[PDB]
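Peer 1: So the chains spell out like this:
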Amino acid sequence: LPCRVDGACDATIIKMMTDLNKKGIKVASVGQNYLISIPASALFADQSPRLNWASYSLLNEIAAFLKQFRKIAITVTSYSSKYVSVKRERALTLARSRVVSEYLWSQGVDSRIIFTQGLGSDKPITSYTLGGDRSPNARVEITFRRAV
Amino acid sequence: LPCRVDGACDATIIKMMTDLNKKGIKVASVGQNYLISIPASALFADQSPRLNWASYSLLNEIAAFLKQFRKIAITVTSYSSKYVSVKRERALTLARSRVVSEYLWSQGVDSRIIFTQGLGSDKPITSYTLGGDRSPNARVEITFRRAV
Amino acid sequence: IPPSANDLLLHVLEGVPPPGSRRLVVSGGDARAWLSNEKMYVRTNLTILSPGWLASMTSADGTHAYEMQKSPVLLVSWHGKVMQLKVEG
Amino acid sequence: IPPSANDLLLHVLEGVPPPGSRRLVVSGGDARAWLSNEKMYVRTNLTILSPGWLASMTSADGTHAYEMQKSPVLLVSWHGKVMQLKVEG
Amino acid sequence: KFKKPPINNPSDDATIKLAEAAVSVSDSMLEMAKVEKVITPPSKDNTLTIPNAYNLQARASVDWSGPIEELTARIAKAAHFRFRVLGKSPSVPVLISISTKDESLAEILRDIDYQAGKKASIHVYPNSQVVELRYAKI
Amino acid sequence: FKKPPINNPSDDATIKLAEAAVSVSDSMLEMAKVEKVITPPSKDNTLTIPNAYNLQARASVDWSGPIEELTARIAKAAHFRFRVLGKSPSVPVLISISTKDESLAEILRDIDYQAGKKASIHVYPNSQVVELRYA
Amino acid sequence: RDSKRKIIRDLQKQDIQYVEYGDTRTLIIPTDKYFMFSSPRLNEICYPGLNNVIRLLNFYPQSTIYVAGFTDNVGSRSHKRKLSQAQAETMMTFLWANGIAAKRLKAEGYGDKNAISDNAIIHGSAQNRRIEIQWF
Amino acid sequence: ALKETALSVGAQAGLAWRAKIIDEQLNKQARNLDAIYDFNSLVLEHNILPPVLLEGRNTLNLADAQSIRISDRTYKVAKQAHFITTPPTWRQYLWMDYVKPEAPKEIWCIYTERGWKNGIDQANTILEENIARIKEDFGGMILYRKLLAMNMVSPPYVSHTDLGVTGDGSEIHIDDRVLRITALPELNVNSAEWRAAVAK
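Chains as they are written, first to last, in our numbering: chain H, 90 to 237; chain V, 90 to 237; chain G, 23 to 111; chain W, 23 to 111; chain B, 6 to 143; chain L, 2 to 136; chain S, 252 to 387; chain A, 162 to 361.
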């Protein structure tokens, strides 16, 4: 027979969405666009493209979140506050986005393209620049339009 | 009917391997190459290509271990420690390797080639040069590749 | 000189079936297949990849319409994804 | 002028059987055999020794194809060891 | 206790058989590439007609099997380049199929251009912001 | 804590099959590299964008047929003169252009590309005249 | 309980092989379980085997170390040589970064050329993809 | 005889079970399999599916007691070059047909396990012939590209005769290009025009 569910349930979709918003992962969903932003202190160390070992469980549960949707292209991008220079900032953030797309492409997502890029403090979402990677300007976001 | 085993069991492989390693015949097994390693005092006498009478039981368990695999060519090579000359050394180890290959050929191996050679301590396995045939550099080794 | 296409492909470039057909039920994707006389005709906007079609047309909005032989499996590219499609008949 | 080989040996040079043949079970070595029309065809990389073959080809990687009469026993050189293979058919 | 080192998962004979077919078609393919690249030496690359750029240096990781124009429009949409088509697309599709992981978009366009060799071409004009796709003449 | 990859070749036949797949993929890539004819863009022969402000208007045309008529009407859309040098043949050289938003400089580049070697487009923005030449 | 017999016994349980031969000792580390696939990026989910091999050659602080990397027969000769070269180099940097001096280490990647099993069979090619670490 | 109908009860069930198991094994390796059997990157200029050249070296035929024939290398054009619309996937060759058979004591059990193993290796031989068929076809197209590089075969000669707007007032077709294959690919027998691939 043709399948009813696609290996996914809507109750598990909203259970993962409430669990990620309880853990401070900002999960916005505007129509069919979906945006999951991790704060950068929850994944990496300070001003470094290196994951903590505890953050791979967080990457496992957002990988289980992206398993539930049928999509085309995940774009992961990252940005952080200014540390030394904007060239080191762009290299830092595209390295951070490329290791998070390396783990998400290794894991079970069903996206055909994953774009990965980093910006050197070029889109801050607050004007408060008091932190390093503790500031909520420093983040890595996962943007995809869920297909049909 | 076609046969399950070729007159050989895997329990008899590991039993003869651990019994030879208990007796001090070092049986390494890398991939599909097999190396059994007899010290020269354990089978020959001192500086002599004459096998002792008690060592034929050791060669009976060596040939009963070598009955169990399928192989194309067994190379038996030997080298003893530096005694009078390198020409005396190479003639002694050539005669030693051909008499232990003569006994292993008259016993049942299923091999097609036995390559016998001897070297004049050209490959030591320690820098300790303690004596004559009591040294672990003074040895005969039986090396082959298990076929399929 | 070979023939041009089928001009039945202009009808199945819309959703209108050929005269004197029997429709097939396409599962697993947005396609409509009819079978007129030992040929099936499938109106898609996914692109058929595996069985090999005999004639094709495409309208203004990227709808394709294929004429092919009777095959029970279509295989399509959706969006870089290879999927399969069932027909019955 | 004689014939050159069989060009069925080009097909049984690969694993693909001759058309309208019957499979045989080669037991005792890595070989396959078919039976096309009162002639068996062996694909192997062993050397056929006893029963007399009528035709052979050999690939780039050294697997041979043999056309011979229906012998129930093949004899082979594996690597100098002389072995037998049973066929059934 | 004795143990040979790689103790992997249990396979089955489907993937065993597909592996031993796969290695033969692999090395016959690479010696076919050897005879082709030694009878014609390769004259030039395609990096002078697809040059790299800032914001073309963003990366992507893509498995894809369909036609070309959807994939090139999606990478140029992510790379902020106006994508344009020169030449009408033929009646058969130009199917390309790419499985790479963490590759920059200029090299993804370069092996897209090699994958749709002799049927299509990609050109990037990076003093403007346009990725153009050229269909063939036939 | 992390995981392995999901359909990783964690299995002794699948690593040989999948590294065979990457070897046939890059040998496909270098046979594509060697038989891929490219042209350099200094000798690419196609028409550049002539950057006139009348030619930077975003037009819209779906039409298929012979070239001289469309190039005449985009010249009078951009208030350019339209010259034609050469002879129009008995079989006409045919274009298909369907776009609902394009700059007509790029429609001129597309019509020069689909002409190719049957015809060609010159454009003189100083005298404000496009020109279809045959051969 | 923290000695050499215990750490090679759970190195055997973590399926890295270890042979003693006279003064030479060689570890054999399978790339199929201890590397990511066709890549020189390290499989860091099998980190306790790598912690056990750096706990093994913490015991031998004066020997020079051959690290050689191996493949099987699939690919080009340049592909096999470059992939085993890169894998032997990143095991060399793992040992150097976990505290062996840089002139004790020497990486060398042989493209399948020593071949401790055959490459015509599946389990033999799996045994051919390996890392040899020889020291004295 | 009751053991024999137990055996043929086990045969078709083990055949369809093994066929379903290797169907999921084939679907598990799907990106690797279209990476291997890239027919889409092996078609020619005008979506010509290239022909299947077969190679046989060291060819003996014993014709009688008195005459044999050796030849050094033979090439045969099986399955000639043609127009294709879509490239072939693996799954016309490799995929096995799974229907679940709804067709149902001590020697029934042991002969039905013997029949179940007979159905399992019977489906394995069908998969062996399917990988044989795809290895023959893909090695033939690779061998076509090798002999076209070696100047041993002719490339196919298309001919696109263009027509203008065509037909009467009831039907036009605007750009009417009819594309034929005039010259099929074939092995050329003027043997001095071949090319020698010496690489380094």
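One should not assume that every hint holds.
What follows is a list of derived Cβ distance ranges for each label pair [stated by the list, open to error]:
| hint | chain 1 | residue 1 | chain 2 | residue 2 | range |
| --- | --- | --- | --- | --- | --- |
| 1 | H | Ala134 | S | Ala353 | 22 to 28 Å |
| 2 | V | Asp211 | S | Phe310 | 27 to 33 Å |
| 3 | L | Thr49 | B | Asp17 | 35 to 41 Å |
| 4 | B | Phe7 | S | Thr344 | 54 to 60 Å |
| 5 | G | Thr85 | H | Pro91 | 49 to 55 Å |
| 6 | V | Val94 | W | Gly84 | 44 to 50 Å |
| 7 | W | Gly84 | B | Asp17 | 41 to 47 Å |
Computed list of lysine to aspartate or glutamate pairs in EDC-like fashion (alpha-carbon distance at most 20 Å, straight line) [as the list claims (entries may be wrong)]:
| hint | chain 1 | residue 1 | chain 2 | residue 2 |
| --- | --- | --- | --- | --- |
| 8 | S | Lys364 | B | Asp17 |
| 9 | H | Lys104 | H | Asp135 |
| 10 | B | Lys142 | A | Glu354 |
| 11 | A | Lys361 | L | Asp45 |
| 12 | B | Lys8 | V | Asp108 |
| 13 | B | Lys106 | H | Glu191 |
| 14 | B | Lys49 | L | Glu36 |
| 15 | B | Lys106 | H | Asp199 |
| 16 | B | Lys6 | V | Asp95 |
| 17 | A | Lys181 | B | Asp32 |
| 18 | L | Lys118 | A | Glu274 |
| 19 | A | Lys278 | B | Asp32 |
| 20 | G | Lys103 | H | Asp95 |
| 21 | A | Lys189 | H | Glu150 |
| 22 | L | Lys4 | S | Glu295 |
| 23 | L | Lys101 | G | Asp83 |
| 24 | B | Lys49 | L | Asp27 |
| 25 | A | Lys278 | B | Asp17 |
| 26 | B | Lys6 | V | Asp135 |
| 27 | B | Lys6 | S | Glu271 |
| 28 | B | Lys93 | L | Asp45 |
Honestly, the hints are just simulated from the structure, not real lab data. Think of the CB as a built atom: it goes at the ideal place given N, C-alpha and C, for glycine as much as any other residue.
Peer 1: Assuming the hint says 44 to 50 Å, is it satisfied by the Cβ distance from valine 94 (chain V) to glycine 84 (chain W) or not?
Peer 2: This hint is violated: roughly 30 Å between Cβ atoms.
Peer 1: Is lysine 181 (chain A) within 20 Å of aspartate 32 (chain B), Cα to Cα?
Peer 2: The hint is violated at about 30 Å.
Peer 1: Is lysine 189 (chain A) within 20 Å of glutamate 150 (chain H), Cα to Cα?
Peer 2: violated (24 Å)
Peer 1: Taken at face value, is the distance from the CA of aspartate 45 (chain L) to the CA of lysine 361 (chain A) at most 20 Å?
Peer 2: violated (34 Å)
Peer 1: Can the restraint linking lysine 103 (chain G) and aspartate 95 (chain H) be considered satisfied, given a maximum Cα separation of 20 Å?
Peer 2: holds (15 Å)
Peer 1: When you check the alpha-carbon spacing of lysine 118 (chain L) and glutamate 274 (chain A), does it fall within 20 Å?
Peer 2: violated (71 Å)
Peer 1: Hinted pair, alpha-carbon criterion (20 Å max): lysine 6 (chain B), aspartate 135 (chain V). Please report holds or violated.
Peer 2: violated (33 Å)
Peer 1: For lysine 4 (chain L) and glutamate 295 (chain S), compute the direct alpha-carbon distance and say whether it is at most 20 Å.
Peer 2: holds (10 Å)
Peer 1: Within 20 Å, alpha carbon to alpha carbon, are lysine 6 (chain B) and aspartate 95 (chain V)?
Peer 2: violated (23 Å)
Peer 1: So the hint says 35 to 41 Å: do the beta-carbon atoms of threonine 49 (chain L) and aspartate 17 (chain B) match that?
Peer 2: violated (59 Å)
Peer 1: Would the pair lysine 142 (chain B) and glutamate 354 (chain A) pass a check requiring their Cα atoms to be no farther apart than 20 Å?
Peer 2: violated (30 Å)
Peer 1: Range first: 49 to 55 Å. Now tell me if the beta carbons of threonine 85 (chain G) and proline 91 (chain H) are that far apart.
Peer 2: violated (23 Å)
Figure legend: structure checked against the earlier numbered hints; hints not met, in rising order: 3, 4, 5, 6, 7, 8, 9, 10, 11, 16, 17, 18, 19, 21 and 26.
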